[PDB]
Amino acid sequence: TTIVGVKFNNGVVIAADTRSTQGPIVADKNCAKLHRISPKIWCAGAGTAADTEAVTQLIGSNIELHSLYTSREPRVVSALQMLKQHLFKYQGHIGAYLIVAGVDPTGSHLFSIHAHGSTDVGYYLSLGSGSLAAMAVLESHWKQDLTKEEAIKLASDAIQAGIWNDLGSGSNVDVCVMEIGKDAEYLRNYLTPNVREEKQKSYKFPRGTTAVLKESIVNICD
Amino acid sequence: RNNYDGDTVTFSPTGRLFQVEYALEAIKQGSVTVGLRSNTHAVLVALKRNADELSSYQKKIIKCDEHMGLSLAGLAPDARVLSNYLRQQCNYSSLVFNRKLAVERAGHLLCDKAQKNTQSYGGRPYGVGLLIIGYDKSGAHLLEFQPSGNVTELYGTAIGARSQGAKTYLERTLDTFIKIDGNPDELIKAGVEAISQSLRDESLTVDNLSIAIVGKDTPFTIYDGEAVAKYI
Amino acid sequence: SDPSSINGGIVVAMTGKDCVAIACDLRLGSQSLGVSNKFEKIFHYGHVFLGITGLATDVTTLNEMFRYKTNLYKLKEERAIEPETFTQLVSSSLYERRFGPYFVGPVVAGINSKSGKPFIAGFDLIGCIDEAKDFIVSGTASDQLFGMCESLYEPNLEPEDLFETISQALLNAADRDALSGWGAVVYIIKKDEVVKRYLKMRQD
Amino acid sequence: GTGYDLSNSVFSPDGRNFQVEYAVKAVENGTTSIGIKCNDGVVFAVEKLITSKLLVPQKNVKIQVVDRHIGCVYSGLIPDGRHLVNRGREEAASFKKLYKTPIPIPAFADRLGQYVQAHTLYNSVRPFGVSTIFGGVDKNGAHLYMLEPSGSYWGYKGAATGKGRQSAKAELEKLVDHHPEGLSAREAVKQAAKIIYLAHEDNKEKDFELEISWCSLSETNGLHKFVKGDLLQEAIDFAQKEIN
Amino acid sequence: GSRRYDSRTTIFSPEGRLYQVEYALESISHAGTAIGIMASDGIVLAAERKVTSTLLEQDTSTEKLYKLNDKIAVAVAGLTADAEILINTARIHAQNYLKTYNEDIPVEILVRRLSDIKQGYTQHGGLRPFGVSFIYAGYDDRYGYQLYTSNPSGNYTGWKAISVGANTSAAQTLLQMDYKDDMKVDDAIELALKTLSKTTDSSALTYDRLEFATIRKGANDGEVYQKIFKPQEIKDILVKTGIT
Amino acid sequence: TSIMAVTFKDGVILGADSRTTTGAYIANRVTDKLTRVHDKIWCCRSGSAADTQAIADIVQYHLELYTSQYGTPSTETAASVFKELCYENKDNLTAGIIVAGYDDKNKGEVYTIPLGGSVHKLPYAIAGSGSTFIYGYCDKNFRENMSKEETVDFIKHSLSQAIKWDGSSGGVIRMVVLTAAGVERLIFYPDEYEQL
Amino acid sequence: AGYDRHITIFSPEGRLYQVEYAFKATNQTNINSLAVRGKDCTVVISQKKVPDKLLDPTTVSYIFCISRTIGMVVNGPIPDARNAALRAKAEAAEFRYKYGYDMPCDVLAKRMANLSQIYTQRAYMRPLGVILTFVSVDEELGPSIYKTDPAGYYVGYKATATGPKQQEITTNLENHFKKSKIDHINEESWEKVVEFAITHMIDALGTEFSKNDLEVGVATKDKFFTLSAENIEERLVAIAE
Amino acid sequence: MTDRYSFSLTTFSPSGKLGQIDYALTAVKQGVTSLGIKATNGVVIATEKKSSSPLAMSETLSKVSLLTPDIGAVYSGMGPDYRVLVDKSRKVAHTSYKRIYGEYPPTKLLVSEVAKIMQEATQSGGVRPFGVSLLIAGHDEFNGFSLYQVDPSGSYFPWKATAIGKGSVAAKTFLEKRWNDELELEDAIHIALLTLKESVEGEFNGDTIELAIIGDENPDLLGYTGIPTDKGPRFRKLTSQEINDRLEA
Ligand SMILES: COc1cc(/C=C/CCCN2CCCN(CCC/C=C/c3cc(OC)c(OC)c(OC)c3)CC2)cc(OC)c1OC
Ligand SMILES: COc1cc(/C=C/CCCN2CCCN(CCC/C=C/c3cc(OC)c(OC)c(OC)c3)CC2)cc(OC)c1OC
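Chains as they are written, first to last, in the entry's author numbering: chain I, 1 to 222; chain F, 3 to 234; chain J, -8 to -1, 1 to 196; chain G, 4 to 247; chain C, 2 to 245; chain H, 1 to 196; chain A, 10 to 250; chain B, 1 to 249.
Looking at chain I on its own, in the form it has when it is part of the complex:
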């Protein structure tokens, strides 16, 4: 897994690859690793995937209720404080490693949070088994005052660093852009550089080829 977040002049973009692994096996060649906390606060997750989903949906739900109660738009600094205090409680047993990005009425934000409950702030970040490939690219091509289109390119490339160079990362690139005065823009499969080639054969069986002992139609409706 490789996830990154890059700040640009008017917002923030996060990106992730689409590969879920069980050991050395690829279970999903298109997993969505970009999660929604609120409409303009999004999350990339790495670690135990049940945990990254569990924790973003929980804090997601509490964030919604806080929002309805205070009649205010959700703040990133809140999803941060809530994530980190939940994680810290569980001493890292909740294996969620997270980059949280968003725009709110105070500006644009980018943080990373660790399973144990530590948080970091920066203009560019990465996590995952592709963390290193991605951060090499970011250390090479980042500058302040990125345009939107520049920050997409950058974040997009960094994921490609992990797709190619990291065994744990692969397949497609997912991006979400959240810009200060606009709707969060979510690009599922922004990049698909990994299409499987056409097989050398079709493996359709001639019907009747399987040996059957019993048939019986099944009762759906009571």
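Hints in this document: simulated from the structure, not taken from any laboratory. You may find that some hints are simply not true.
[As the list claims (entries may be wrong)] BS3-like cross-link-like pairs, simulated, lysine-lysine; straight-line CA separation at most 27 angstroms:
no. : chain 1 : residue 1 : chain 2 : residue 2
1   : B       : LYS116    : C       : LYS51
2   : G       : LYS100    : A       : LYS107
3   : F       : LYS181    : F       : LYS115
4   : G       : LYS209    : F       : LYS169
5   : G       : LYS99     : H       : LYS121
6   : F       : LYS181    : G       : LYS51
7   : G       : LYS65     : G       : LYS231
8   : G       : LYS62     : F       : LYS181
Since chain I is already given, all that's left is putting chains F, J, G, C, H, A and B with the ligands on it; use the hints.
Using the frame of chain I, we list chains F, J, G, C, H, A and B with the ligands on its own:
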């Protein structure tokens, strides 16, 4: 009709706690007991009350430690509870700090313990009065405890039925018995005298007389029966 | 020692044109010892089919539990639960036991009665959702199953075909796993009807 | 209708809490006690009614210390006053434990105030039959306070409560006028002994024993201490001169 | 204290009656009447709605007939929301039994359990009883078709026909008159309608004032169908049975 | 990491490298280890980042509540809330904290709270893994009541040595100056402190 | 009649006497306060009365600094006033800790209102005899006045007043804004917004004030504060033109 | 805190009345009018914002609350009981539905949950019932549009249209006359506006009344684009302007 006496959570408009005042009444119906002290000793004399003539006379004196004990006048199961709680507080002082609980501090504990029963729903005050004698690091002591929570240090006093007789006798005898240093039996004679000023009809028997003594080189000890004959 | 490997067994699910298929082996064993040849791992609640592999006592418990839950659902909601909703119920249920999980690998298959679209999903033992549109695999021969599926599967198979495909995927993969086999059942599922066939296979 | 004064947390139709007001009647039936705030500390004095010659002098101590730097005195139901001090003590320990600095007087006042108020919130308890005069010297100087059974408290130049309280207020009012610059610690004790003596007239049919204590920056290093021996007798003698 | 405000919901009158239970029963007599009639080939549940307006949405409405399970339904008289909470409880108990034994819960067991919760409120807790009476129609394999009722007291009984709510004695007399054991379901349908129109404190019986359900077999399955009637199906039987 | 706080004539200055590391991998090279728990009460954090962020967050909450009730807390009190959290939870924390702040009564103050939950008031305090290498240097170079410029240099030099030798330290030198004038944030980049 | 007059259950007319009676407790201080909004500030002003020569005048206050940004003024007896402040203080710190931002005025108000309402629904607890007025310059809303009572109600005010003589002040302000056509005191300086508020206080109440007779709280961008006797004096001079 | 009140405060009277439920309903009767109306492509809910001072900003107090993005509430009765009730209802839509099925509840079920909360307050130790009646309007996929009334007793019922509060009997009567099953959402807003004009004394504009609808999906209120399955909330509160515009009619 009294609307202000159905529990202790309720103040009367005059600013009184009727349930507490009804408890006090139990004492004033209890059998008389008298306490007094010199600079060396402190004696408790108590008139035990029987039911029939076929009955035991009810024990009015309780030891709390080797250096401290009380007499009770009133609802006796409550005196069991309070003396018990005081036994523990003495014990605790000895185990944890290797220190004999100062008599003055026993008073504080009883007071604070009684008070709690006068401020909470469903509770009820203690129906008993106590005379505490002890000899600690500041010498001889005598304390009187009322279920109101009030505890007062005195040279002498009496509580219960007809107690005022002994009480006034003590006020006149004060400058006399305050000097009975080094002679317990003379301090008890004064104590058993005083208790006769509350004797309406019956006289002191060797069965209704109970007496406790504590002081400088004398641990709290209770005399009843034969042992008390020589003073009556 | 590995709870997901004491009893053995596998489940594979697949989506074709206006249909879905879900298959399982029939084996239940204790390590090397074959105990039962009739232990099915595919259950349904209305028109939602759930296949469970893993520790057998949990497969059983989980089925009883999802019956219970989908019963109270129908009662309160007055409709049968849909695949996507169920898949969410499975996930939240497994996560309830996050630090003491059920040792299973569940697989959901069905057709949305309103939208008509075919649906399959898979989970690990603590509820993370595999949201694939092609096939989902589970159990002790999950590796063999992956290899066979990636090759054999092509999208939009008619029911008669998809049956041939999913059976051949199940069969050969189970023959490369000591802990799976002893018979098989395949469910071909459409909106109108659901057919259930028992395959013939080597009994060793 | 009627019966608003039977349960503790009930608002009467004019918005009052009669049980609190009844508790105040128990305070008024108390002996009188005062606090005089001087230029570097506070004096506390109290009337101890001598019911008989059987009492021991001066062995029925009423003034209480909280922590090391706070004096408390109260009029009314005494066991209630001890219960309140007990709570003040726990509260002051808990404060020191966490914050290291001994509790500042206003902080401490609020601690009792919130706790007294609390007993005017439910019908499961009765209010405290005491008004408490307390204070000492914190990092910000000297503070004097008085606290009523309602939970009400304010800072005072001087305070009195109980039986002889109105004579006392007139006395304290006088001192406040003549000395707008400040009373000294040693003068404040002498003056405090007078006011108790004066206020004893509401009770003249019984004899009384006097108690004084002070927390003074220059006379006690900001620690709460009792006036004993010479300094006490010196103030008794000042009192018995000013009544003639 | 707070003792004065306690109505003591759980004590005997000097007749040895439970005040609140009787008062709750009196409440239930003001509720729309429900009928259960058990025939050889099924059970009928009919009830009249308290709530009526041309603007009341009836396709989506329910206050009388609830499904407990596929074998058991219940007809309600009293506090709808009180019945709602007891109903939920009972659904869970049926599922718990299923989870445990891998059989559908036998009708009496589910009835006893629900009745026993009801009785609990009449002996501890200081809470008001539930203002509900239920008729239960059900089928198990031990006793076949069954009818039962329970009321706030905790008592339940078994019936070939019964009614709860308004005008029960009227209804109990009219049923007892024309019920026979050889009754078929189509017969029992009519009788329950007849009884309702002779008890209703309303002008007549329209389809929109009616709830109606039947628990029978489908002649082909030897299986148990629970049919709750739609408004148009109820109108059909009102025209049919000759009440137009 | 390398952290220190030094008292001087006008107040107190806190310093730190900006490197947090996970093994040999530098997880963050621009870390801010200087942490505000009050207007003029700051801390230097070292140890578990999670343990140490969480502790600071709780202390910030406590002094904020303190403030609204009893006005401004003493530096000593800030140190006490820290000690209390660190001592009573000693089994489940890896935190080493230097607390530093300013009063007009008290001027600059420095408390160090090491792994014990012990607390120590010092004229200056070093801590973190890089600290070992500059024990000798600082003992030879600390003078009391230095000027602001002297002190900023004393920290610059010490921390550049700690960063030089300890690979757990590095990146930028951050400082925070606490005087009556208020609060001044300083930064120093590699190219500057390397060639000293 | 009935016990329905002693605890917070419905009377047959569907009212809650204990709530109504608590509203009466608010006035027994005979202290009036108004609140007003400027351009980028918010001012509360309340009467100060020290009836006893023995009182320390510096200790007598019904304005509380809840947070850095929130001030609260209380019409009611201080025991209940302090109880409420203590809560708000505690409730606003906790908010910040949990959510990483300063508690909004309106939100703290909604919170205190909800606690208030539970006292009207639960029998074991009495409502508090106070009306709370919250002020701040909210970072998202601008200058704010939010009031809560023992019913558990809460509203947003453009300006407001509270106390026995509430109605005088209220109509006085209603009239000023009826001419103004703007919902705030169009003035950039908070000290000319204090002066305005002391002026309308003077008219409606028909009385004069010395520096010891008022209490003033100001809420600016990221600070709420109370004026001393002397800062007040400085306004009291400047008004007399 | 010694809650000794562990007994019901609603008990049956000899007649069979629940005293405190009736008195609660009596408080509802005295509250400002609100109403709801169901069309074929929507539901509208209306109420009068009765300002308790022109010094009060009435936009600071909505009387119409979003519960889920497909469900709104309005009430008549005591405000602080409604406020609290809305909070609890938003939370159970999560804790008891969202956090389990990944969906928001259907209108009936959330309503039922609300009912249950209200039923508990007419039976549990030491509480009075709620003194509100809510009209809850909503949409869901399998049930379509609906409109529910829920009373202090905890009893609830579905309506084609209805009103609650002061002129509930007048307004109800007026609604039967204008209601058919072929109403468009635009027709029902019109009717709701009229019905409200009757029970409104003073000024009647877009600032003194409050309207919300459950209509079509508003993806412009979603806040993000990307997922083509999420189309946005069907609940929409109306502006002063949109109300005033429809007033030229
Ligand atoms: C005992 O004290 C010490 C500890 C350490 C630290 C040791 C290890 C560091 C901590 N971690 C170890 C490495 C693992 N880790 C995980 C980070 C992100 C995981 C990426 C990822 C990979 C996957 O595939 C494997 C995923 O798919 C399952 C996935 O989910 C989307 C995410 C973070 C934490 C270092 C020391 O000095 C040398 C030391 O002093 C003696
Ligand atoms: C700057 O941030 C960091 C902090 C830390 C964590 C610092 C904590 C150090 C942990 N310990 C070192 C300090 C010393 N220590 C115990 C001392 C060992 C001596 C054994 C002993 C045992 C006893 O028990 C009986 C004794 O009592 C008699 C005794 O006498 C002194 C000695 C154990 C624990 C580690 C880092 O990476 C390298 C790091 O860099 C990013």
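Hints and how they fare:
1. B/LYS116 <-> C/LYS51: Given pair B/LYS116, C/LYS51 holds - Cα atoms ~20 angstroms apart, limit 27 angstroms.
2. G/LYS100 <-> A/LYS107: Holds, at roughly 25 angstroms.
3. F/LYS181 <-> F/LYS115: violated, 34 angstroms
4. G/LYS209 <-> F/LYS169: Satisfied, since the Cα-Cα distance of roughly 17 angstroms is no more than 27 angstroms.
5. G/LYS99 <-> H/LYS121: Status holds; Cα separation ~18 angstroms.
6. F/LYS181 <-> G/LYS51: holds, 26 angstroms
7. G/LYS65 <-> G/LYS231: The given pair, whose Cα atoms are some 14 angstroms apart, holds under the 27 angstroms limit.
8. G/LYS62 <-> F/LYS181: With Cα atoms ~19 angstroms apart, G/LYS62 and F/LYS181 stay inside 27 angstroms; holds.
Comparing the model with each numbered hint stated earlier shows that hint 3 is the single one that does not hold.
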